[PDB]
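Quick setup: one chain, the form deposited in one PDB entry, written in structure tokens, and binding and motion questions come after.
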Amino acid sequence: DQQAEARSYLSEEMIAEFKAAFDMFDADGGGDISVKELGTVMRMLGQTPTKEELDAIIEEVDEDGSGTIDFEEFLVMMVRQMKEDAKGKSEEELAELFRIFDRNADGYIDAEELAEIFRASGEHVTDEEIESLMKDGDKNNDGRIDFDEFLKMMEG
């Protein structure tokens, strides 16, 4: 089920990129990645994992209990890393967006700060538009916009 889902998330084109990586990691070309093969790749990345630590990573994926990671398990592993990064890059955009707007960085975006950003972006925006904006974001009605409110406004 997890592998089927993983598969559906990737394109032919992505799978083949991953078969290639998989094949490289698969040092003996046997079709599945062992604790030894994974360690070589991790050591390479500069880490010092113990055999138990490698065994653990494999368990994250190991749905047939072989103690090794085969291709179907590899994509699940890759897709999990792909979704985590996308999520992490998405959050970084939001944190920094809020940081650009909050020029006096008191942790809140006010109507003036809001205006300057659109101003700076090169777009028109009327005092009525900003007003509408500030009133739809101000959920606790204190006139300013906090990170909680901003997020709600962003992801909508």
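Numbering follows the first chain given and starts at 1. Throughout, rigid core stands for the largest set of C-alpha atoms superposing within 1.5 Å between the two forms. First, how it differs from the form deposited in another entry.
With the core held fixed by superposition, the comparison between these two forms singles out 131 as the only member of 60, 28, 64, 131 whose CA moves by at least 2 angstroms.
Put the two forms on the same core and the Cα of residue 121 is off by 2 Å or more between these two forms.
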The other form holds:
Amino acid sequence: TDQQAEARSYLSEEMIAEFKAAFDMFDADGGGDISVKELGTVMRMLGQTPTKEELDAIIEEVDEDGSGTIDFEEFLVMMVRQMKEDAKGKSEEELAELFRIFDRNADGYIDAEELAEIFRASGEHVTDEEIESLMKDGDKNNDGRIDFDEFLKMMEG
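Would you mind giving the form deposited in another entry, to go alongside the form deposited in one PDB entry above?
Shown next is a single chain and nothing more.
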């Protein structure tokens, strides 16, 4: 429940209303909570084949009142945990892909020449001062190269 108030804070009124419409769809008998059987129906329609224990595990994750079912507030907690997981996955994909694009010769690090080339190719004029500054900040051991960990660190924020 303080967790439920916390979940609601990550969302706008409109997002909560969309989740409410989804919640009601899943709640096949319209009683106010999603059961293991109701969860299973939606999962099977999504192509999954969870076992009864796996369905039970999913509900238990957020079942704060021990009802063995997911009410709307618990559902919001589940949705927010998932949105957070998805956001983190999207960021990791973007970071890896960005590195993949900058490291043109695939030697494991980005050097000044590669930085400059990707910006130019992207249609952006970047000054030498700017490249210098980027290298100063990203390159922590000062060897003129930004390896994957430095890149991650320099991308934080």
